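Here's a solo chain for you in structure tokens, the form deposited in one PDB entry.
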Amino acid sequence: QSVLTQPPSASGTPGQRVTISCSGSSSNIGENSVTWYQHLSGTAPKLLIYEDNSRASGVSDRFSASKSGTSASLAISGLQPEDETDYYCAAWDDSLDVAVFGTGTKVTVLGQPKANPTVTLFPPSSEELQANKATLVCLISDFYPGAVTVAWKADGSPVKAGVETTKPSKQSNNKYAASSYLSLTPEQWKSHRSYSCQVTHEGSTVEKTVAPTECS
């Protein structure tokens, strides 16, 4: 299927120079023309950088672009506040004779000191375990910008089935919050050594963990 990998968030303080990376494959970025669109909800996308580095009209000098190996780079070189938009990167595949796009990345003009989230990993509730069910939560409180990335693991193994992660949510102290849960079965839970929860929030990453414990 394909799709250009694009960080969830890119941020900085006004005046600051930001960079959006789009890691396509040695098929799209790795050969083909790269197109950059900025996108505001309620507004039709805008053509940013027209052919890799060659900028469009209307488009400003602040917005720079370097295509490279299998990767490109929009730099919003002069961070002004109107810049908190979406920036999608489209390029041309071969998984048909198709153009794959990026998952997009939201630029936030740091308006508060960049905050990294606190993850609180909780194991299966006792009322719960007795009911023949087992769910764990990844409390991701207090981050800003508001775009975390979760991923779990069982004995150092990446787990996909049944994970669900809430869309970040601005909290009273103005920081975002999220949670993610991994619904298991009681013995799948007890099967394993430890279970991890991972949240990568703008470059940084936290890996918190929990094990099944005695009792039960």
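Positions refer to the first chain, counted from 1. Compared with the form deposited in another entry:
Among the listed residues (156, 187, 128, 112), the one located at the hinge where rigid parts rotate relative to each other between the two forms is 112.
Hinge motion between the two forms is captured by two rigid parts, the smaller swinging by 20° against the larger on C-alpha superposition.
For comparison with the form deposited in one PDB entry, please write out the form deposited in another entry.
Next comes a single chain, given without company.
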């Protein structure tokens, strides 16, 4: 669907001042009031910032928001461990006239050298194609902090549906690891010219492409 864009991750060293930005449009962010939440897995969308600029209750003087055009930003001014959570922004869309959401940002209290993903994409193998099935995999490893955004395109038009993306987990090296896969029909696969995976990580945006090649 069409959402409000936010980086996968934002972060810095303790005490440091970080800020999660969030971009929308003409019809939402820049016409309505951005609301900001703190989420984390285990029922808790705790509202943080209402009416753009205003702080909820039990809301640390540490947080404050803004709003330029079609953009808004939440800056946590004094990074504490208690901050590493998911942050979400939301605005009303008078065009769709439904509440439009941010894709979330994870703030990590950066305890180690930032590292970018090593994106390795794989096409379906033969004894899989031989089995009438074709699955692609975007191994994503050696990265920190542990939050990435993955998109898949099939001929340049991006595939939304069928993509499954693991949740990063600290490897043996302390660095993170994730995989995202797409399940196709051997026809569905040999019915495109190229298949690309696209991981974005704090600033870096790698991307791999693939295309069918074997006794076709």
